[PDB]
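Read the single chain below, which is given as structure tokens and is the form deposited in one PDB entry.
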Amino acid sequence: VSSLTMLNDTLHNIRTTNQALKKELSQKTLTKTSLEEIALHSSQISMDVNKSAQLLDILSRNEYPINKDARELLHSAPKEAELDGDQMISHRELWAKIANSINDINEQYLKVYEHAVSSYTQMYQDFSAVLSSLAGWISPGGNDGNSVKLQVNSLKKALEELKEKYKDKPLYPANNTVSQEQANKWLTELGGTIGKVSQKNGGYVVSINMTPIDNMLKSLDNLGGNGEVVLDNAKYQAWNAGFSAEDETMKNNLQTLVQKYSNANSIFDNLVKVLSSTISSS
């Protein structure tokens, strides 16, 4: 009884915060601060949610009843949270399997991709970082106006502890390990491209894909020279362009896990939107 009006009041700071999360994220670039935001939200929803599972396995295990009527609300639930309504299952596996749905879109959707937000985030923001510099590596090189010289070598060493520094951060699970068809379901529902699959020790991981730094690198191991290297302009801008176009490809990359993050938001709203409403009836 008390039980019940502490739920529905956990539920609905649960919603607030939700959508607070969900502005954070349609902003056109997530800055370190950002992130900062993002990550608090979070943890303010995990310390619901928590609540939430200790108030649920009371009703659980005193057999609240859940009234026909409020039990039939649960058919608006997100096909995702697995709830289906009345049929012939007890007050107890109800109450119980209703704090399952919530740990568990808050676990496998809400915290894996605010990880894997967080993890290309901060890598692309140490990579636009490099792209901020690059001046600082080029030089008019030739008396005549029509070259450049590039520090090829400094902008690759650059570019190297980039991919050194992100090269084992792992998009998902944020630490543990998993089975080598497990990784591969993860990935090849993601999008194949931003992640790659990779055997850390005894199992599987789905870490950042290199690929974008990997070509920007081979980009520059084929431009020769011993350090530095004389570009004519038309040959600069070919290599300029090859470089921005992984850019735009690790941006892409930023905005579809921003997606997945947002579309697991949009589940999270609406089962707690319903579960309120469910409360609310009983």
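Numbering follows the first chain given and starts at 1. The term rigid core refers to the maximal set of C-alpha atoms that superpose within 1.5 Å between the two forms. First, how it differs from the form deposited in another entry.
- Just one of the listed positions, 96, 162, 210, 112, moves its Cα by at least 2 Å between these two forms when the rigid core is held fixed, and it is 96.
- Relative to the superposed rigid core, residue 146 undergoes a CA displacement of at least 2 Å between these two forms.
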The other form holds:
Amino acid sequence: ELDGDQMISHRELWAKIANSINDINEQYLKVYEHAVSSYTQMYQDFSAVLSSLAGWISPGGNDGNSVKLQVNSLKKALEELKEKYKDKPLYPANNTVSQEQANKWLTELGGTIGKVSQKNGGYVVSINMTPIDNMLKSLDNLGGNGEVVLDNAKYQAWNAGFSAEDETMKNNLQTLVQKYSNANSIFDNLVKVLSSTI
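What would the structure be for the form deposited in another entry, given that what you showed me was the form deposited in one PDB entry?
We keep it simple here and write out only the one chain, dropping partners and molecules.
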């Protein structure tokens, strides 16, 4: 409990403030920074897939007309994307942490953006790839094979779902970036409050 009569030298106060500033940088700011970096790289890699997609759709179905979607090519790229990020979590940057630590950061980052997973002994907060999994399931449902011809109606429907999952990832990234900006300002304010004590 609070003890107002506790005394401390100015020199010990300076060192205590320094120790705390370092701890907050290590345990909070640097965690957010790496979370942002990791999600940003994933979405960058997904954006490259988006660019590639232009080469995997073309007019088809004997002129009417329809869209010929190279399903296996898209499916392959999305699978490779998931594979790449399987061992690139939001937190922590290296090794593993306890389930309790992982749960704490899941709650901080949001269960939409991260997913707690066990690596065996310890855990990580992985990038939640539900948007990509949803895309894959939808591609599976188009039936057909390595390639499908979609009339206007079926293409509009598929594209609407695909685009929504893309937008979800963009929304997630914008939210993470804002949380990191907020974290930086909370740190600046803490430094300002603590420096004013002396």
